[PDB]
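Structure provided below as structure tokens; questions to follow.
Take a look at subunit A:
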Amino acid sequence: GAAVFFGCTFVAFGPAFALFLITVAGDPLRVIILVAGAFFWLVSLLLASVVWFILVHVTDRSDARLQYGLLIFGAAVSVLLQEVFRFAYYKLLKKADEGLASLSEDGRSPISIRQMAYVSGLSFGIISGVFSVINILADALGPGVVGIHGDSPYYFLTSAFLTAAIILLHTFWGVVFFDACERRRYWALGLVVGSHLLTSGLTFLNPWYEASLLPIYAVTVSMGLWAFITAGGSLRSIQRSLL
Partner candidate 1 sequence: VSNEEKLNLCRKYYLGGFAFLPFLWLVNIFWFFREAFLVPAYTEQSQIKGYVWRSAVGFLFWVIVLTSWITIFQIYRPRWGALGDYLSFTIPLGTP
Partner candidate 2 sequence: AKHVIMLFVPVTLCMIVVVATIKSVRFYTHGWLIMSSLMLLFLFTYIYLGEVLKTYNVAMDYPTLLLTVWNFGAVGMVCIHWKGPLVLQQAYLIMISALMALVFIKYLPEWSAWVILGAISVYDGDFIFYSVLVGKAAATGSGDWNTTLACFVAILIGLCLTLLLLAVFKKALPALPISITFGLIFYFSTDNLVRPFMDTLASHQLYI
């Protein structure tokens, strides 16, 4: 029914619509950053789907186990291409930083690099969540739920929480990725992509809803705390901000 549709939509696009409405929609510069980030994510997904199309039409579809291994390898190379084009979009924001601000501008900062990291991560999050949940939301309008062939009835709600977790993780990943790129701490550059691999690899355990969704929110709480401390705040910054 429509109750399940508007329930599961607000679980998926709850935080993303909140950040887009409060934060980004007031600042008319950031929308271009948002659309450019979503564009580079689309080019990443296209470049990965080319490779998977190649492998599925070369290996000739016969053995289903080898097709499953190719599906794993295609998801892995899609993760790697997302974390390459995040670096590419970082370099384009660095090139369009100087070429527009402080050389065609008097004041050197209409937007800092931190807000660009934030909006780039939110852009990846919005477009990935839209490609993950919208086809599932179109079936929530039906009168019937999943589970006739021995599946779980909680398919819609669990996919909604997975979409929301992926949105928040891309948002935090963009910030920590750009702060790793500036200071040239290349070990954190590996930890962001490794955590991306783990959060897209635990979705292979996925019908086992007990311990395949709790670790994703464990990684999300860890990544949120480390993105918060990385951005500048601390516990002293929280305990002295209630005036």
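Selection rule, in plain terms: all candidates are chains of the complex that A comes from, given by their letters.
Miscellaneous remarks
Following the convention adopted for this analysis, a contact is a pair of C-beta atoms (placed from the backbone, for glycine too) under 8 Å apart; a residue touches a chain by one contact, two chains touch by 3 or more; residues count from 1.
This complex pairs subunit A in touch with one listed candidate out of 1 or 2: 2.
Considering their complex, residues 28-29, 31-32, 35-36, 38-39, 42, 45-46, 48-50, 52-53, 56, 71, 74-75, 78-79, 82, 127-128, 130-132, 134-136, 138, 155, 159, 162, 166, 199-200, 203-204, 206-207 of subunit A touch candidate 2.
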